[PDB]
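A.B. asks: Next come the chains, spelled out residue by residue.
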Amino acid sequence: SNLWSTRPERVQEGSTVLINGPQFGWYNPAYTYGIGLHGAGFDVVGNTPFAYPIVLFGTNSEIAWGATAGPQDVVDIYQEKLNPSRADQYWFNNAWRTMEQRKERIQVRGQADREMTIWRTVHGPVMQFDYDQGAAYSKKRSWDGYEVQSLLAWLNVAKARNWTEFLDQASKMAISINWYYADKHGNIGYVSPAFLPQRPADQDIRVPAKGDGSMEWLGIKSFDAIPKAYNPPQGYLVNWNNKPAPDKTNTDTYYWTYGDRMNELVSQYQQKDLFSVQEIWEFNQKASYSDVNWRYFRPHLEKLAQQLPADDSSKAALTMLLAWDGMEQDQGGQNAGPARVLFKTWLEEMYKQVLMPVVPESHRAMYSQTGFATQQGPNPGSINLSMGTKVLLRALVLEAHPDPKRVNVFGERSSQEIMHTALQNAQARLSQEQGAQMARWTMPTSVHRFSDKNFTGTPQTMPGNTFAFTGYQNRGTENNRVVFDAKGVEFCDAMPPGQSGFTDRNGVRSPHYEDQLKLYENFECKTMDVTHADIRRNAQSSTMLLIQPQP
Amino acid sequence: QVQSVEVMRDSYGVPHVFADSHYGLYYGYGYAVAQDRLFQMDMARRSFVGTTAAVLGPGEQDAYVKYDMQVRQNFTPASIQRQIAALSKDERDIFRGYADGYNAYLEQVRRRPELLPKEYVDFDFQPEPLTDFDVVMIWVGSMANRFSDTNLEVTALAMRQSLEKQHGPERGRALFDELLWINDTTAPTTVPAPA
Ligand SMILES: [Ca+2]
Numbered sequence: 001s002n003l004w005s006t007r008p009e010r011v012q013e014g015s016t017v018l019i020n021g022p023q024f025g026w027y028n029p030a031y032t033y034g035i036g037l038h039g040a041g042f043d044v045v046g047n048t049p050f051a052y053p054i055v056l057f058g059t060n061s062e063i064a065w066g067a068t069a070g071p072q073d074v075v076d077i078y079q080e081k082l083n084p085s086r087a088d089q090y091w092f093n094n095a096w097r098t099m100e101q102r103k104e105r106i107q108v109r110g111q112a113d114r115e116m117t118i119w120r121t122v123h124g125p126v127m128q129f130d131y132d133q134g135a136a137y138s139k140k141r142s143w144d145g146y147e148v149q150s151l152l153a154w155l156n157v158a159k160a161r162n163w164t165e166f167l168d169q170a171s172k173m174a175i176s177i178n179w180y181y182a183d184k185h186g187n188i189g190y191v192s193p194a195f196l197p198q199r200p201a202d203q204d205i206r207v208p209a210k211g212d213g214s215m216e217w218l219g220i221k222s223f224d225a226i227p228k229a230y231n232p233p234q235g236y237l238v239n240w241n242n243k244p245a246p247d248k249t250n251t252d253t254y255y256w257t258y259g260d261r262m263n264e265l266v267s268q269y270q271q272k273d274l275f276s277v278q279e280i281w282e283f284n285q286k287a288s289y290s291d292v293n294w295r296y297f298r299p300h301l302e303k304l305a306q307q308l309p310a311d312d313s314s315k316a317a318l319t320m321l322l323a324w325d326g327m328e329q330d331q332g333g334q335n336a337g338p339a340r341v342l343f344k345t346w347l348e349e350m351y352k353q354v355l356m357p358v359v360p361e362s363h364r365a366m367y368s369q370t371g372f373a374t375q376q377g378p379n380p381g382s383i384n385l386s387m388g389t390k391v392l393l394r395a396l397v398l399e400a401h402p403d404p405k406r407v408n409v410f411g412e413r414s415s416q417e418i419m420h421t422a423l424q425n426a427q428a429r430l431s432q433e434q435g436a437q438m439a440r441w442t443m444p445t446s447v448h449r450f451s452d453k454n455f456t457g458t459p460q461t462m463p464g465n466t467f468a469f470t471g472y473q474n475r476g477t478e479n480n481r482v483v484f485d486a487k488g489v490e491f492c493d494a495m496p497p498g499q500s501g502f503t504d505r506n507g508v509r510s511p512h513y514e515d516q517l518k519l520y521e522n523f524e525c526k527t528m529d530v531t532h533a534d535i536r537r538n539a540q541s542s543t544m545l546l547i548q549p550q551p
Numbered sequence: 001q002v003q004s005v006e007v008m009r010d011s012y013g014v015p016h017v018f019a020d021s022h023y024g025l026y027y028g029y030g031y032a033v034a035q036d037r038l039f040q041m042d043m044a045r046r047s048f049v050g051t052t053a054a055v056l057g058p059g060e061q062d063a064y065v066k067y068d069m070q071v072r073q074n075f076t077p078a079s080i081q082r083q084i085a086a087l088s089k090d091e092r093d094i095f096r097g098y099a100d101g102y103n104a105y106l107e108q109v110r111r112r113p114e115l116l117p118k119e120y121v122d123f124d125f126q127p128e129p130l131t132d133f134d135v136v137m138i139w140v141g142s143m144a145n146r147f148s149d150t151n152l153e154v155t156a157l158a159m160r161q162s163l164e165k166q167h168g169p170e171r172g173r174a175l176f177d178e179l180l181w182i183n184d185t186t187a188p189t190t191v192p193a194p195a
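Protein chains in written order, with the deposited numbering: chain B, 1 to 551; chain A, 1 to 195.
Chain B extracted, bound-state conformation:
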């Protein structure tokens, strides 16, 4: 999920522009639903994922707001020392403790009802039982018991009119998430609200904690610990699932390095001084088709061709890979150019030479993957630097800056030696695959797909009902743009394939089923009515409902 905010001081016409692209994966019908709520204190306009009473992405004519994936740790797993005699007892403080159990009844169509038992410890519910090791893993969450509080805090942020009313609502948030601020005055802000626990020095963040009473939470950390950035001297705030702020250690699930997908958006800001609204919108144009892991390997490939002897062994594809701008180019397709194909197979051979010897058999698939977009294979809703690539990058600096305390994964062989061997192995693999002719090498272009089944593995529609177009775009599922001109409020959103997910008994579909699909492909954007004046003028249909509740 990517978001980049701009301050009027960095904009030509002097308007606050907030563009958000949250990526959850592309599904049919649309993942996000557009709504404009007016009255009872609320005066908001925009769209929200699934169907939540709250609005994640939109504006209230006073301030806009975006969102991304949570980059902070809130969930810890504790390993309880199980009794060697009894399975339901665990060692907690002094002495033994019995687990709590509750029975859930699963209803199945065509078959009898299935029954299961869920065990619970002092920390939380268990996820995995290991009987031969004598340890059970329980899941303790910091946001547990504060589900509705985080739901309502996200709701009341729509009624807010300033940064101080934006910040105190974030203090009520328990779940790990990122919030973004942009007002009509010209101010932009960022906060990462979460109920952060204060862990002891004995506890390692990457591995499970001791569930015996010796290693427990000291308490919930204060709000001052939560990272917050309001109006940076640079005049822009960029976040693409990257690190929250400097001073925060890596979580158990997310690991970051100097090579990050954030640099794909930020590098566009260090070109010109002032950008127009149309130009800032065209940041998504380049970031979608640009390669993520190209900016960091290119300097490490320049010192290759030279002073490397021009004896043509190989240097055949190495000199060409340099003429690559790091972009997907369709022609058939079929990628226009053998540069991406060679670079893909080069990285795959780099994992074989360095990582596979040290990485165990079970976790070998976590580092062998290159993390590239493909035509047929089920690719994720967001393309990233793979864990195999991240280790290669930070250890490549370790040769330039030696450290005795750390161990080098390259070991005996230098950087230039391994990168040469991988280049020879990549060329040898493609020579027997697509012929000896180098110029004719090409890989099938990645197809952008809208799957009928959602993220969790449940069909949202009938099987087969899918939309697909050639050319994978590293965008969000929904792209919103809030521009605060001198007028000055303009909301513009784009969500494929459309608003209505209705299909008639005969087979015909709603007119608002495919109306936004073609608009999304061309990086275009639709205007949405914000104020009470123009909504009654640009209305297509009106329906009045009647309610009679009992207070």
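These are calculated hints, taken from the structure and not from any lab test. Heads up, some of the hints might be wrong.
[To be verified] For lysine-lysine, the following BS3-like pairs were computed, each having C-alpha atoms within a straight-line distance of at most 27 angstroms:
id, chain 1, residue 1, chain 2, residue 2
1, B, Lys248, B, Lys221
2, B, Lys159, A, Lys89
3, A, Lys89, B, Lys453
Knowing the structure of chain B, use the given hints to seat chain A with the ligand on it.
C.D. replies: Okay, now just chain A with the ligand, sitting in the frame of chain B:
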């Protein structure tokens, strides 16, 4: 006690709800979602409350069941029930109005069979009335669990356990700090400007 909820749609079929009360605002909002995406939301609640196998039955290999046990394990229904009841009158009408608004159009489906979606005919089952507990669960199952419940500790422990078997506690823990580093490189990319 009778309130009117005026729902108005634009050129791209996007609803705009006008009301005066908390119950009324989310009644029209609940009514609009039922018109556009009825089957999508019926399958949404089941994905997070754990009732997918009730209408889809067993998967090619108990895929809808094995999963149905996984989702029920993650949350506790008793803990959420207290949290909803603890809310005030105006706060509860947000979820109740959403449930009653969705059921308003749902009750109209029984009256006129032409309003029934195609997906209900193909999968061969009848739609169910939405409750206030379901509305909360749709947010808790997708938001907070799939973004604030991401855990990868047990797999990290198994890797460190395997590395200490082949290389010992000296080299195994040294190689573990290279593959899964405790702290990121001191020069990464951060949102706030450093220094
Ligand atoms: Ca943790």
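A.B. asks: So, for every hint listed, does it hold in this structure?
C.D. replies: Status of the hints after comparison with the structure:
no.	hint	in the structure
1	B:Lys248 - B:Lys221	holds, 13 angstroms
2	B:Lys159 - A:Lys89	holds, 18 angstroms
3	A:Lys89 - B:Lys453	violated, 37 angstroms
Consistency note: the structure conflicts with earlier hint 3 alone.
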